[PDB]
Amino acid sequence: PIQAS
Amino acid sequence: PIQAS
Amino acid sequence: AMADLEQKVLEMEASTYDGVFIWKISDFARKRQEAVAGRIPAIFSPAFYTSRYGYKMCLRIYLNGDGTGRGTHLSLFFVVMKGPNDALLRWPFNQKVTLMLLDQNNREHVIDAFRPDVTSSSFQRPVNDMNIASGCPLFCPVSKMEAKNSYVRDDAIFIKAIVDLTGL
Amino acid sequence: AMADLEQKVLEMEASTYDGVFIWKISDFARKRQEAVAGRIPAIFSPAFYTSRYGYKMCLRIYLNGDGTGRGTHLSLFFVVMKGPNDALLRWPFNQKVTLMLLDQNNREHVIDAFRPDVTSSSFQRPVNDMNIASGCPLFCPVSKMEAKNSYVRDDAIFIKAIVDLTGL
Amino acid sequence: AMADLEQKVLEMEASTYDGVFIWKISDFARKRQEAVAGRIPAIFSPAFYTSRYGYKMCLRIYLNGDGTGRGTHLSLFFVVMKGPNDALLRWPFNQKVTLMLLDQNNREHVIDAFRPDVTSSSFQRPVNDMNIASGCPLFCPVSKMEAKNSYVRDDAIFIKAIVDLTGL
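Chains as they are written, first to last, in the entry's author numbering: chain H, 204 to 208; chain G, 204 to 208; chain A, 334 to 501; chain B, 334 to 501; chain C, 334 to 501.
Hints are computed from structural coordinates only; laboratory data are not their basis.
Check before you lean on any hint, since a few could be wrong.
As the list claims (entries may be wrong) - Result set (BS3-like, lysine-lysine): computed pairs, CA atoms no more than 30 angstroms apart in a straight line:
#1 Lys481/A to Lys364/B
#2 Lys357/A to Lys341/B
#3 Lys493/B to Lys415/C
#4 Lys429/B to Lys357/A
#5 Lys477/C to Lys364/C
#6 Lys429/C to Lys415/A
#7 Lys364/A to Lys341/A
#8 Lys481/B to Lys493/B
#9 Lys357/B to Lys429/B
#10 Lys357/B to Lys341/A
#11 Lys341/B to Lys357/C
#12 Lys493/C to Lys429/A
#13 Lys493/A to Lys364/A
#14 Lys341/C to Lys477/C
#15 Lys357/B to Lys341/C
#16 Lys415/C to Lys341/A
#17 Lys415/C to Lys415/A
#18 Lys415/B to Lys341/A
#19 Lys477/A to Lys493/A
#20 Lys341/A to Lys493/A
#21 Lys341/C to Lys357/A
#22 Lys415/A to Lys364/C
#23 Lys364/A to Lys429/B
#24 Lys341/C to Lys341/B
#25 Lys357/B to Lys481/B
#26 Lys341/C to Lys415/C
#27 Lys357/B to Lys415/C
#28 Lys429/A to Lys357/C
#29 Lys341/A to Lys493/C
#30 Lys415/C to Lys364/B
#31 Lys341/A to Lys341/B
#32 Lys477/A to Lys415/A
#33 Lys364/C to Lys341/A
#34 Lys429/C to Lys341/B
#35 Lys429/B to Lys493/A
#36 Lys429/C to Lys493/B
As the list claims (entries may be wrong) - A short list of chain C residues far from chain A (calculated; beta carbon distances all over 10 angstroms):
#37 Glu367
#38 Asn427
#39 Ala489
Ideal Cβ placement from N, Cα and C applies to all residues, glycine included.
The following block holds chain H by itself, in its conformation from the complex:
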């Protein structure tokens, strides 16, 4: 998963 900016 990639974190929200």
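For chain H, the structure is supplied; the task is to place chains G, A, B and C on it using the hints.
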């Protein structure tokens, strides 16, 4: 079970 | 009016319908001192149920003890409340009750249990809002709470009740 | 106080306690234009739980995208929040998460899934109200939101989350 | 206003999400008089659901009868309601429905089951808040719930509905 006072 | 609906909302926030209940008591140190001073000897938990239309129950705790536990133990009692569906249920109440104070390290819980005394008024079909509470006056020594321990963490404790559902 | 009570009631109306959540996003065209225009880039879902006393979680959506998806994709993220029983749960959070945009003809859902990176701050025990969100910036190309498509119907979409409950 | 949120809280208090609903009608004698005297011929139950995101349903009772049962029978009806997740569900509504009046001596319950007529507007996807009701005008003779009847106990009756969940 013991009753509350 | 306002307060009535507020109570209804908080009750509904806490209610469970599978006979398993966890009661988080926050601000533990102040509430215990309130018990020690006699200002607030006991606290009731919110209500919970054995099934969607089952028995209505709550807990009652004495943070500085009751009866034989006065001054030395946390005392913890079970309460059968008048439920909306009591006319559909078997009486007397006859389910095993298990009560615990949770270790927040999960190593060593305090656990007690009993089967109802079906002769006791505590387990008859309620005529008032609650029957007389019944349970464990010697549930947990206060010293376990006061010394270095993992039952009280971040000024809160957790009490867990399990009502066996055999026969229901 | 009535505003606060209304908020609590809305939260409870939406809460689930089995790790399965369906988020209906109505007024879709207005909210998407709000995202496109930058006035409201992101929307948070109501909170849901893995069990009655389990992890507290919510979702966060960018209807016009975030990061690598910005301006071309729906971006959809998972949020671990500070829950009332976190002291009782295992950390870091380690449950598989499945996220879906439902086809309202039920032919071709959009689905993605991930295992938490247990070294990420997104999955440690929360100290703030929520942890940093994480998920899929490239969840769904915005073209799938067109009128000929069946994800938007009667100005609403449906997002579904399934938190795997293995080991809980 | 306040009454809106009071209604919301009452609906949440009574809601179930497994297709099983028990409706306690208290103040039975007064509400019977209101129906006999024509002031309140009918009462709607609170809503319940087949699943967390399933069909929304309620019951409608005429304590002094409707239609063929008017003045001689309790009449009991099932109502498909407009639900928040109807776009995700199969239409027409096609689940078996069982309705009962509970004997409070655990004796013969009144029980009727039916399957929806799928050509009826009662079971199409709701366009209004409520579809047209369907059910049993002759559910129970009024004379059967009188003194020593055992359906009425302590000025209350209990209605139970079970919606079959096969195929959902």
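A quick look at each hint next to the structure:
Restraint check: the Cα-Cα separation between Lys481/A and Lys364/B comes to about 53 angstroms, which exceeds 30 angstroms; the hinted pair is violated. A distance of roughly 19 angstroms separates the Cα atoms of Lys357/A and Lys341/B; the hinted pair therefore holds under the 30 angstroms criterion. With a C-alpha separation of about 21 angstroms, the suggested pair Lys493/B and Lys415/C falls inside the 30 angstroms cut-off, and the hint holds. Using a Cα cut-off of 30 angstroms, the hinted pair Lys429/B and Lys357/A holds, with the two alpha carbons roughly 28 angstroms apart.
Between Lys477/C and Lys364/C the CA atoms are separated by roughly 17 angstroms; this keeps the pair inside 30 angstroms, and the hint holds. The straight-line distance between the Cα atoms of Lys429/C and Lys415/A is roughly 34 angstroms, outside the 30 angstroms bound, and the hint therefore fails. The straight-line distance between the Cα atoms of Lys364/A and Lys341/A is roughly 23 angstroms, inside the 30 angstroms bound, and the hint therefore holds. Of the pairs offered as hints, the one joining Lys481/B and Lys493/B holds, with about 22 angstroms between alpha carbons and a cut-off of 30 angstroms not exceeded.
A threshold of 30 angstroms between alpha carbons decides the hint, and for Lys357/B with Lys429/B the separation of about 22 angstroms falls inside it, so the pair holds. Distance restraint check for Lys357/B and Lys341/A: the Cα-Cα separation of roughly 27 angstroms lies within the 30 angstroms cut-off, and the hinted pair is therefore satisfied. Proposed proximity of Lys341/B and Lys357/C is supported: the alpha carbons are some 27 angstroms apart, at most 30 angstroms. Taken as a hint, the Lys493/C and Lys429/A pair is honoured in the structure, with Cα atoms around 28 angstroms apart against an allowance of 30 angstroms.
For the proposed pair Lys493/A and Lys364/A, the alpha carbon gap of about 18 angstroms is at most 30 angstroms, so the pair holds. Taking the CA atoms of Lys341/C and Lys477/C, the gap is about 35 angstroms. The hint is violated against a cut of 30 angstroms. At most 30 angstroms may separate the alpha-carbon atoms for a hinted pair to count; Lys357/B and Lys341/C meet this at roughly 19 angstroms. Taken as a hint, the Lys415/C and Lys341/A pair is honoured in the structure, with Cα atoms around 26 angstroms apart against an allowance of 30 angstroms.
For a cut-off of 30 angstroms, the pair hint linking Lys415/C to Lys415/A is broken: about 35 angstroms separates their Cα positions. A C-alpha spacing of about 24 angstroms is found between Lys415/B and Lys341/A, which places the hinted pair at or below 30 angstroms, so the restraint holds. Between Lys477/A and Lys493/A, the direct Cα distance comes to roughly 17 angstroms. Compliance with the 30 angstroms bound is thereby established for this hinted pair. Note on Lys341/A and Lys493/A: the hinted pairing holds, with a Cα-Cα distance of about 22 angstroms set against a maximum of 30 angstroms.
For the hint linking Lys341/C to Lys357/A, the alpha-carbon distance of about 27 angstroms falls within 30 angstroms, and the restraint holds. At roughly 23 angstroms between alpha-carbon atoms, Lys415/A and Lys364/C fall within 30 angstroms of each other, so this suggested pair holds. Under the criterion of a C-alpha separation no larger than 30 angstroms, the hint pairing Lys364/A with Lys429/B is inconsistent with the structure, at around 40 angstroms. Distance check on the hinted pair: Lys341/C and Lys341/B sit about 12 angstroms apart at the alpha-carbon level, within 30 angstroms; holds.
Between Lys357/B and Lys481/B the CA atoms are separated by roughly 20 angstroms; this keeps the pair inside 30 angstroms, and the hint holds. Our distance criterion of 30 angstroms between C-alpha atoms is met by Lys341/C and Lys415/C, whose separation comes to about 16 angstroms. For the hint pairing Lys357/B with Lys415/C, the CA-to-CA distance comes to about 15 angstroms; that is within 30 angstroms, so the pair holds. Taken as a hint, the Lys429/A and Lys357/C pair is honoured in the structure, with Cα atoms around 28 angstroms apart against an allowance of 30 angstroms.
Under the criterion of a C-alpha separation no larger than 30 angstroms, the hint pairing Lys341/A with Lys493/C is consistent with the structure, at around 24 angstroms. Of the pairs offered as hints, the one joining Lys415/C and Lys364/B holds, with about 24 angstroms between alpha carbons and a cut-off of 30 angstroms not exceeded. Taken as a hint, the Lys341/A and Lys341/B pair is honoured in the structure, with Cα atoms around 12 angstroms apart against an allowance of 30 angstroms. Restraint check: the Cα-Cα separation between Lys477/A and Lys415/A comes to about 34 angstroms, which exceeds 30 angstroms; the hinted pair is violated.
A threshold of 30 angstroms between alpha carbons decides the hint, and for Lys364/C with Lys341/A the separation of about 25 angstroms falls inside it, so the pair holds. Distance check on the hinted pair: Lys429/C and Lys341/B sit about 35 angstroms apart at the alpha-carbon level, beyond 30 angstroms; violated. A threshold of 30 angstroms between alpha carbons decides the hint, and for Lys429/B with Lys493/A the separation of about 28 angstroms falls inside it, so the pair holds. The hinted pair formed by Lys429/C and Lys493/B meets the criterion: a straight-line CA distance of about 28 angstroms does not exceed 30 angstroms.
With 10 angstroms as the threshold on Cβ separation, the claim that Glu367/C sits away from chain A holds: the shortest Cβ distance comes to roughly 21 angstroms. Listed as outside the interface, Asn427/C is consistent with that label: its C-beta sits roughly 25 angstroms from the nearest C-beta of chain A, beyond the 10 angstroms cut-off. Not every C-beta of chain A lies more than 10 angstroms from that of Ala489/C, the closest at about 7 angstroms, which undercuts listing it as non-interface.
Checked against the numbered hints above, the structure breaks hints 1, 6, 14, 17, 23, 32, 34, 39 and satisfies the rest.
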